[PDB]
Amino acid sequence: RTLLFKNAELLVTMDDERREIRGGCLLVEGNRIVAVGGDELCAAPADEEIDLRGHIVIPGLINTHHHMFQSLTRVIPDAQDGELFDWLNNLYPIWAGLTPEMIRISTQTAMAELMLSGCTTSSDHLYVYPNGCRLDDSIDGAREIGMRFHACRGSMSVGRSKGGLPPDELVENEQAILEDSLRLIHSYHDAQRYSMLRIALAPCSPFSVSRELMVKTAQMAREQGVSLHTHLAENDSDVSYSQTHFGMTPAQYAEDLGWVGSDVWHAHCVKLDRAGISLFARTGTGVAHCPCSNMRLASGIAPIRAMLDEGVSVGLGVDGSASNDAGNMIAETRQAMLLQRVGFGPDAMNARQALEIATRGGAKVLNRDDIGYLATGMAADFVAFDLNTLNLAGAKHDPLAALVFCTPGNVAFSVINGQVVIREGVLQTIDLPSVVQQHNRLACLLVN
């Protein structure tokens, strides 16, 4: 089954030559791209043909950190302002009322926002399982909306009966965690090229569980070929806690647990030291940059430019909607460029460097070689922005930079795994007005 995107004003490929093709054309069969180029690919009819004049086509953005259940709890009044301590203490007793239907809908809500703002692959970090919630419920929602999903079995063990902050209803026994995590891997992990569903193992933070679960998790992930994800060094407290309790820097504590390698990626890394950047570069460890979260939570300016210069694989993440509180992937791309410039100078990040993090960087951090750019044999994952909107008026001097320097609206078109999921700005895979409405009634229900 064939799909032809023809005569885009600018087809950004992100391929090995970083081709930016004027009048560029894209030919798809099934889930993969057959060729990127020009009018040469239009001479035969295709089962579907979509004119893309006046549009920029880019590879689909890849979101590499999230907490989609938190899209049910944005701007909770008690949590909008204050210290991360009050943030957790105010939000945990609420999240203790999450029901499996809420995980299933809240996955689609968060996913719809990312998709309409240009994202074709996302991870999630669901690490709470009250009232019979399961990673399966999140997966059911991802399958319905058609997004490429990296589901993380997040976990927590240290609750209030062990000196921790999470209530006891929101922690679990480490043996039950390893057993659910292995059941999830066996039931959902597709390791083949163009997989639409993959599992990674992901304790919430190296301090939310025992060191034994950190090591046992990595052993299991290595045995099964899945990735490892966690929160690492997102603020000053993280650094102090690691030095005070384990006498190590967060990077050193990470290396010590086996949690380095191209099958690992750490979220935030705002306070990664120079030695930790060197370590992550030579072992291939990835970082998920969450610039809006780092600002909205007063975490800091991660040394992203320092990491890229030294060779670190960096992807982009919006983080949970209680710590952003938006899910706008292209705006997060914009934000990474703005925040890097104000922290490190007028040469710290341009439009193409940001967009590369949001595409190739995310694929690398998720340990995937089949997404992130547009070339023969790659997954058919791309979006298209209308260039004649008011938002981009006067910015056609560079359609690629226009997306990062201006604030565009929704994408016009989106193709995930070869399937046209957004047409003229309308989500095709779900009844979006109905899901949004349902989402808001559960959020009202969850909060009261």
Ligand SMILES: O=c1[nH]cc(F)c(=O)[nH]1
Contents of the next structure:
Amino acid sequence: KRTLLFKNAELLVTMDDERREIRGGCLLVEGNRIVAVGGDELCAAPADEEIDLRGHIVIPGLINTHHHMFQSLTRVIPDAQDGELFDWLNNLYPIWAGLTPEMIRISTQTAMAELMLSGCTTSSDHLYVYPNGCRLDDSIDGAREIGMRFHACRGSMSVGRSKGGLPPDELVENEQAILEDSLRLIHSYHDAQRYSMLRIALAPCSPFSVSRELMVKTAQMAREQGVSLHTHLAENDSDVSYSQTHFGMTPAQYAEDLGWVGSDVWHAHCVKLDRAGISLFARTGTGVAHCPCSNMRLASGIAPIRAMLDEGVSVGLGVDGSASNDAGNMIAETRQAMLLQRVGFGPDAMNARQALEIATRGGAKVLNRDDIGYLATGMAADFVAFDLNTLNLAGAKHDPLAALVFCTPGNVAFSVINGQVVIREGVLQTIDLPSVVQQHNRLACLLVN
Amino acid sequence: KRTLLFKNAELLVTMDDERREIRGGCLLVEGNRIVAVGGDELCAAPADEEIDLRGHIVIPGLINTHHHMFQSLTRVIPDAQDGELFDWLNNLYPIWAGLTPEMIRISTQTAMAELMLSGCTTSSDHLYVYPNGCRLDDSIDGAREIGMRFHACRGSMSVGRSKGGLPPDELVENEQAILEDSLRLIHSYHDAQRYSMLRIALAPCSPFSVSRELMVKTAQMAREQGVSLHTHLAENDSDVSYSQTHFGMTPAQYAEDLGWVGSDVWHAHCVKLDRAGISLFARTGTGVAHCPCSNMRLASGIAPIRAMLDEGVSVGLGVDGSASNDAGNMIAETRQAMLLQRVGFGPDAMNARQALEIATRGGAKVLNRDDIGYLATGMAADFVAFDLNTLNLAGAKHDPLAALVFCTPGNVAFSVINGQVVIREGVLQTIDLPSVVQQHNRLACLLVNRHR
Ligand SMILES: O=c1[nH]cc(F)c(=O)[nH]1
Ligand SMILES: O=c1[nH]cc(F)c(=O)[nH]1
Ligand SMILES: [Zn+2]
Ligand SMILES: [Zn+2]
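Output the structure of the form deposited with the named molecule bound; the preceding block shows the form solved without the named molecule.
Up next: the whole complex, starting with the chain shown before.
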């Protein structure tokens, strides 16, 4: 088995059970997993490759828990930059009706590359449109080429124009076809073993874009197959009113009534989750993907993340799709979580270590994994290093960890995912990034024009 | 005088009176000024150097209107990261008491380098501590090394611990000495001419950090000398209560009472400015430096920027000191202004072009300058270029301008300040940046290990 030693980090942030932050720390890797973490004599360990991390901070790889990677082809569309969410959807859906399998494959790589260079080693996605023969398989193909640990969601919608919804009919599917494809994807791709690089989750776009029968049947299938459940919930005032008018229930009551609570469930946004919903989520272990930049850029609101954390809700972090952020920058999203909670709820609402915990342990938690999210013996070899001697962090070496959240760092210097060194001295190793960016921009131009 | 042609930008954002955004745009420069702005007809122009900007967006240089660059030596101090503003001040003041002239000279270069690589071509600063023989001269020396267009404020404090204030006495000054040094700095350094690289403003830290007499005499001096006035105003709930309690007045009423209104005045933050204060500022031309990251990082609040703009208030942008942001990233601050107004006031509150106008034309206005802030014949040759073919902007070429605000771009590819190409292919040309960063971090270490 291949061994790898990362030695003499200026600070090794473990996020482990003691929250050890080790000066001069070293990390010994064998295959895809961590052998030991420490300073002192472990730094003298022989290894097939040694990488010198003096002057760097090492953190556990960031974990992104919500995205729509296909939207990285359609950032800052003029008719979608401003205005109401109604106009945003109505101007973007006809564009997305042109998506091809190749664009799914390429856009997954582009969005994952942006996340990887900004500190992220595991990401979910929420692909929920399948025009022109597009399949989740195309996104899985792209993810496999770039080497990121991947939770692929079988997103779905069934309520289109003919049934009184907003999406064009060409962007919705029959519900029997959705369940059959969901089952196929689990059988073909879901790896439930420790250190899995690919897991499947089932994800109707929202409880309102599919039938209530399909929400219950999806939950049933996920529980039978041992996979997770993901959807958008309580993202804005319109979601809350819709739930009340149409079902006589708050969004959280609606989720509970469908069986969409539990540690195998995580809901994106939850900006308008109420006190009873927070408590329900806390006692059922239901997770939340917090997407601060999206919630600001779409004027959704400030999610009550501090209140959720204070009751024991499992909270992870997500960038959301690139047409509603529009960046894909994980460490910048972690910064935004801290800034937004403080402006919303005061100076004690979120510090650097609490935000970074959401970005690491919190994300592992809401994806229902205990093998990622911190650095210790037997954990997955997922971690990143930032150079502390850059201009961006000059004067911030008083606390290298806080520097990543309070300052604006550049790209990571190194990234390791499943023991593979995927970024070396700021250069992505698993793909030809300039070629992918070129193809992406040509495809984006073809799609929109 | 040297001539420069910048040709074939994918998009040249002028911010001019017609807000032209020119595909294939070109810029012809002579010395410190723009000779022409146009399309490919400019390619027939002769120039000493041509720079090919295809694949790039060019924008007017961003203008930063509030800072404390000395704080770039003390980012994320553990005891100041969290807690109340009281704890922030009382844990940072003893550290700043060890500042030396060399630290002022170096920290100015570090803070300006961060601003320049993130799109900024003009900055003010608000140095308000002068321990151990430090002088505004030291900051001016650093700014002259790096080539940034500079509005240096003689900040001041006189109400210390022994007199019932929070700063220690070693960090406050006698008020007559403050006025004397203010006049010396104006006479020695303030260049009032077009395309000036150095202007002086007078800047008591807040209306409560000095006597009422110093507030009034400082304004009197500034008006006599023709320079501007700068201070912190209405940053938080404590500022509003204090002025109401001690003076029976809102912060903006108190500023008016002190004579601290007018187009030669700009107030930092104004988070808690009320409707009548907004109206007052609009009709007097009083400016505002909006500091969104600082206002969130210190839990100050969401300033009513959309309301001020709708009433006619001149609003610029500021990163604030690096101990309350803690970044110095001008284009990221522009993004934050847009994100924060939307979450505060709805989807119509601020778009990419509105935010970029605050960061350019808005900053020129609050600094009382008509020669920077947009690209047109006779304007200062201050502009920057971002590469549009980066991973960060992939899929955003549908609107190159909005991409700068809605995405998170890297450093600029090129920067021109006063006609000098100060950043070339991402590399800062005017200082040895890794050497300055090394010295900065070493001085930061010496500073925090001082005996106190
Ligand atoms: O912000 C968003 N809301 C709803 C959606 F379906 C989506 O893709 N993005
Ligand atoms: O936010 C701030 N408040 C007060 C200060 F003196 C300062 O520098 N910054
Ligand atoms: Zn989403
Ligand atoms: Zn300030």
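Residue numbers count along the first chain shown, from 1. Shifts are known only where both forms have a C-alpha. The term rigid core refers to the maximal set of C-alpha atoms that superpose within 1.5 Å between the two forms.
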Mover between the two forms (rigid core aligned, C-alpha >= 2 Å shift), picked from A35, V420, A401, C42, is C42
Just grab the Cα shift of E172 between the two forms for me, core aligned, in angstrom. 0.3
Which segments, of 3 or more consecutive residues, undergo C-alpha shifts of no less than 2 angstroms between the two forms following superposition on the core? 42 to 44
